[PDB]
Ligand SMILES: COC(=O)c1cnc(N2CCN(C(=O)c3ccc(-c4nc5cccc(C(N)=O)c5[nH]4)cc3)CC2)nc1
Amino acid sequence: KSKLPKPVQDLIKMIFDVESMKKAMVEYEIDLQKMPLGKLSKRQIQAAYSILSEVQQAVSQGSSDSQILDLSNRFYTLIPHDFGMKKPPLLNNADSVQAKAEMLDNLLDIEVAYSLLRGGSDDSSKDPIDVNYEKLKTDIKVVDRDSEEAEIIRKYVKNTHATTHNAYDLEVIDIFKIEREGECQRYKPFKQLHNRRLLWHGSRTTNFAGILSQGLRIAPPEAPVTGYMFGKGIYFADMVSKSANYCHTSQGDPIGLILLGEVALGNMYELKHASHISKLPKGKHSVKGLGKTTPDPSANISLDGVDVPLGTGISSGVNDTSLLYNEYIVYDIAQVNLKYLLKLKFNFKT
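Would you be able to provide this chain's structure on its own in the form solved without this ligand?
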C-alpha cells in the first residue's frame, strides 16, 4: 500500500478516474459507442480542429446553411456525436465554433490522461496509486493548514468570490503545493520579470492528469483562433469564482479542482473586447482583458515575491467593457509556473 498522504491518494484517484473521462465525453454529446475513450488520438483531434477552422472560414465569409452543411457534417464524421438516426445540429456560427473548440481542448487532455494509463507497465505488487502518481512527473505535497501560504490562499478564496456567481459558495478541502518536473528551469527567463501575479486557472477534473504531466498548453496550430475570446493563449482570472465556473461541477458532482499559477505578465496589452490573436504586438508580454470589477489594488500582498490580488471586488473604473471581471492571457507556455492545486467543495444554493 502507498505511503502517500491520504489527500494526495484521493487526488490521484480523482484525476485518473476512467468513468469520469467517459462522463465528460457524454456531457459533450460524443457518441461513446462510435468513439470510445480508447479510440481517441492526437491525429483525429487535430483533424477535427482543422475542420472547425474550415467552418470558421465559411462563418466569416457569410456562407449560407446549405453551403456550410458539408463542412458541419465533416466535423461530425471525425468526432461522432450522440444523435442516432437523426440529422445532427448545424455548426453554422461563431458560438458553435467556440463550443466545439472548447470540447476538443478537453478531448486533447482526456487523450493524454488515457495514454498515460495505457502506455506503461503492469505490476500487481505495486499500489496503482503510486504507479499513477509517478506518471504525473510532479512533486505533490499537502500544504500545512496553519502555514502562512495556507492563510494567504484561504483569504484569496474568501475575498474573490463574485456577487454575480452567488448560486454557489466554495469550501477549500485540500491545498497542494505542486512542482512539475522541468517547469522551474523553463520559467527561468521570466522568473524576475515585472508584474508576476498569482492567478487562478479552473478546469474540469478530467483535464488535470494532462495539465500536471504536460503543463498548461496553448490550443494547437490547427485550432481556430476565433474559438477563443483573446486567441490561442493560456487564460487566468484574479476572481476565484470566475475560474471555479470552469470546473463545471454540479449538484451530482460537487468536487472540483483549481490551480494557482505564478504568471509572468510583464507589459500587459489591455483590451476591453474580443481580439482573436496568436502573437502579441512588439514589447507586450501578455493580454489583460479589462473587467468592470477588480480585486482592491490596495489589498495586494506578496507571497514569495509574487503579487497576490486578494482584495475584495471594487469598481475598476473601466467603462464600456465586454468583461465583468479581469482575465489574463499569456502566449508562451514558459511564462507560467504552477504553484498550488486546490480541491474545492461547491455548495449549490439552487
Contents of the next structure:
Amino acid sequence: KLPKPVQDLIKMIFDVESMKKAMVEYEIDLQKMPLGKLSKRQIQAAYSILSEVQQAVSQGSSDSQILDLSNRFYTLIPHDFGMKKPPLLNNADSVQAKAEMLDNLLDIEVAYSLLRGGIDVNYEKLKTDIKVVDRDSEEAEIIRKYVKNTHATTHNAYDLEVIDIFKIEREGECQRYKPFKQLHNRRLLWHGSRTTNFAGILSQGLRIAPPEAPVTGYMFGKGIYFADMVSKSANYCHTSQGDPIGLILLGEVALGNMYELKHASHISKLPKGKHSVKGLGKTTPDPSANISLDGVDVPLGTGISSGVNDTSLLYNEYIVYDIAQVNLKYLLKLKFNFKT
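Let me have the form deposited with this ligand bound next, following on from the form solved without this ligand.
Keep in mind that what follows is only the chain, not its partners or any molecules around it.
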C-alpha cells in the first residue's frame, strides 16, 4: 500500500540476512548465540564487563584479575575464533572493537525484538512517518547541493550517489523538541550509521552511549555527534562494495552557544551557559553559501580553509548531550561507488 522505495527501505533495515552476516563478521558463535537469544540484560551486562576490564586497562589488572574478567565476557557473548586461542581482552585496541560490537548488537536486538513481537506491519513498529521527497523538487535540489558540495577530498575512497530522499517525523519528537525549537543556532547536520542500527534509530531516536560503556574513543564525551561534510558521516555507514548502499540522516540540532574546542575533552557536564560542543576542523563549508530553511542553518558551501591551525580534527564535529536537542528531518538512501 506504501510507495515502492519506502517498502524497500523497511526490507533494508529489517533484513535478518544483514544481522546474521554482521555477527559472523564480529566472530560471534551463532550456534550458542543466535538472533532470538540476544537479550538487553546481556549487552548492558557485557558493557559492564567492559567497565572492570577498562577499570584495569590503565592500572593493567594482571591476568590474576584479567583472565576471569576477559573470560566472564564470553559467558554472555560467545565467539568462534578459527583454531587460535581466544583473543584475551587485555588492551584498549581490543576493547575498542568490542565497544563498537555491542554498540551494534544493541540495535540489531532492537530490530529483531520489533520484527519478532507485535511490511506495513514492520512500518507500524518504526513509529515513524516516512514520506518520499521527489527528485525534480526543490527540497530535493538543496539536499543534493549539500551532498555533492560538501564532499571532502580526504574522503577519496568513493563517489557519493543519492538513490532515494525520504522525509521523516518520529512519533513524539516534535513535542520533545518544542523546548529547543526556540534556541538560536539550529543546523541541518549529517548523521551516518550501519543500516542494522536504523531499526533502533527510527524507533528510539539517536541515543547517547549508556553509562556502563567505556572511557575514551569518545573524543568529546558521550553525546550525539553530527558533521557538516556528508563524507565524515558517510564513513560511519561502514559500507563495503559487497553492500554498496548506505543510510545517512539529516538532523535539525539546536546548538545554541557551541563550546568550541580543538582537542579532546571527555566533556562530562557542559559549562553553565553552553548547549552543544563544536570540534573546530581545518576545513569548513563556504559560510558565504549557508542557506536557510524554516530558521535552520543548512551549511552547504564547499570545503575552504577555516584558517584554524592547532586542531586535531580535519573537519568539524557537533555534539549535543540531550537527546531532545535533535529533531530528525530526512533519511537518505546512498550508493557508494568506490575508487581503486
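Residue numbers count along the first chain shown, from 1. The term rigid core refers to the maximal set of C-alpha atoms that superpose within 1.5 Å between the two forms.
In a rigid core superposition between these two forms, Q98 is the single residue of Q214, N245, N159, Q98 whose Cα is displaced by 2 Å or more. Residue displacement note: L78 has its CA displaced by at least 2 Å between these two forms (rigid core superposed). Core-aligned CA deviation for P89 between these two forms: 2 Å or greater.
Superposition on the rigid core between these two forms places the CA atom of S322 less than 2 Å from its counterpart.
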